[PDB]
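In the form deposited without the partner chain, a lone chain appears below as structure tokens.
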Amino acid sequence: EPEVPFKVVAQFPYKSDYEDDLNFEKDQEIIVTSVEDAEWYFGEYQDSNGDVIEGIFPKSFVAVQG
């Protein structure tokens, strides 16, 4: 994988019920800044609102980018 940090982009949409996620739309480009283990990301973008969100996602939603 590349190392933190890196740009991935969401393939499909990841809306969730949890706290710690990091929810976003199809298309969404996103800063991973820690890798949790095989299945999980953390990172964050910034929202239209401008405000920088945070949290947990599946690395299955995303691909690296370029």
Second form
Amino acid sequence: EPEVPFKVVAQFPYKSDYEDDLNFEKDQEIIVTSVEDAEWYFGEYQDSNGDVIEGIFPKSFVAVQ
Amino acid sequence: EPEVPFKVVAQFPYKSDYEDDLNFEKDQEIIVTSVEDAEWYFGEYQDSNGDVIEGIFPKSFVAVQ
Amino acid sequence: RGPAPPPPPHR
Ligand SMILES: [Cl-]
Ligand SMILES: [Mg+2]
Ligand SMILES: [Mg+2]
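Requested next: the structure of the form solved in complex with the partner chain (the form deposited without the partner chain having been shown above).
Time for the whole complex; same chain goes first.
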């Protein structure tokens, strides 16, 4: 696993019930800023009007690069 | 997998925007009417408005019986 | 179709 920060790309959409989560569409480029545990990342991306959207999401939904 | 048809219960919400995907909330009981391939089921349920809806969804998001 | 998403991990 590469040291943070690092770029990942969503391989699937992630849409969940929890407010702490980052949600996104497939292909979304995300910056991982914290590895939360063995299975979850915390990271961010900028929405339409340039606002930073951040939260946690499964490592298994993204690929590193 | 048993022989179709069989009942599954959603273990996570599935909220895809793909046309022809079935969407549901966690805990939704669904009848699987066909196995589409190694990763997708096709099935249906009667929604909270009394309407039968159907489409494909991940085998991974549900549990049999 | 393409690949289905994996089952999300426990929170
Ligand atoms: Cl969820
Ligand atoms: Mg039977
Ligand atoms: Mg854990």
